[PDB]
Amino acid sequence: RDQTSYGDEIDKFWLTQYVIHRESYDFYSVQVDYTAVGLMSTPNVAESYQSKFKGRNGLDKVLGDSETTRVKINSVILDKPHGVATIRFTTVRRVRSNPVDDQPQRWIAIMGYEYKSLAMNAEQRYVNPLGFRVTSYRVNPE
């Protein structure tokens, strides 16, 4: 169904799922994450994101399993009538060669989002059943 929002708790779920999928890096799940971000984006948002994964120096082809970045959501502020969200989160990167994790980094994600009923199939349905999608996405430091 086409609706801008599904309520505070549902919106926060898909939005945090989006940031977790897009801003994390783990080689063992990057294909799933990449796929998810693709389904949860407008083609403009998606193709701006998929750029990073193309060419000989695509992110996963450069990094491999050398490092990881995990995400911690700190807060989510919703503007449900306009499909706008501001999400503060923290990244902790870890290079497998190093013995310790790197120092945490804090970010702000300003997001536009919406729900669209579109032609969907079973494996996509199993990922994005409500047809959630991000319509704009920008990250800046805190």
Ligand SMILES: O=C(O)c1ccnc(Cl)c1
Given for the second form:
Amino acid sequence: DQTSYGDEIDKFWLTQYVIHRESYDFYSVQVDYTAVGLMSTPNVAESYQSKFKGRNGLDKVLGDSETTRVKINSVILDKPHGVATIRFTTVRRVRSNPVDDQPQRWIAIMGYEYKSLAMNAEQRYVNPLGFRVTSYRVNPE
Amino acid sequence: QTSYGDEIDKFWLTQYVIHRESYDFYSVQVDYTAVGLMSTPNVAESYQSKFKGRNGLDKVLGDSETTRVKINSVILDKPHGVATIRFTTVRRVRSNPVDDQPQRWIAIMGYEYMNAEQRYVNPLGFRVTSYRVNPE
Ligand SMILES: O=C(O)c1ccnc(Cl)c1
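In place of the form solved without the named molecule, output the structure of the form deposited with the named molecule bound.
Everything in the complex follows now, all chains and molecules, and the chain you saw is the first one.
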């Protein structure tokens, strides 16, 4: 239960979180979805999970008709406050389309912490340190 | 535990190479310490031997030059706790106005899984047990 663990460590989990959360590939969608659950408070997770509920669930709607890859451009930390700012670029590619869509740049404001939580054998292989996000907001530049 | 995930194993290794193969007079001792914390004494002493004694690398190069690392690719062999990484180094002599020409290398590694200081750098007890670098 330490808010910070090391700039290089904190930087890693956060980048992994965005890529899990903002990228779309039907392969490893479940592990992404699963990971975010472990890497989020219920309040933050509920806001993310909503896109997968009902017959309209993003996985059941798009499937493999399109994809979205993520590229981390920069990472800014506020270590003592458990706050970080990230800029990344998403590029979508629809197989229906001949070429990838124009890029989209974004800014992610995050609150984060690590927590002392008793865990099973499965929850660790994705999140060994109990890293979980407590705030999340995406905006353009 | 025994199993920790691929992208994480990829992380510790690349940053370890950067810790071990990069040269920057600042943070040497911590990096030197960190690599020490991140390594078994037997394989680390091979890394320490070149930094200990009157012949110490830090006392030869000092702050006259630097060497940075750039990761190109990473491949894992999980069940054996073995991994291979490929990187490119660019050296810079402070006296020279520009940077030296690049050189690429391959690192072969073996790996496996506290007070206040040992946790914050490694929380997992991740330790390196073997290390060998070769050219392409
Ligand atoms: O299409 C997206 O960018 C996207 C949106 C919401 N969740 C995921 Cl995993 C991917």
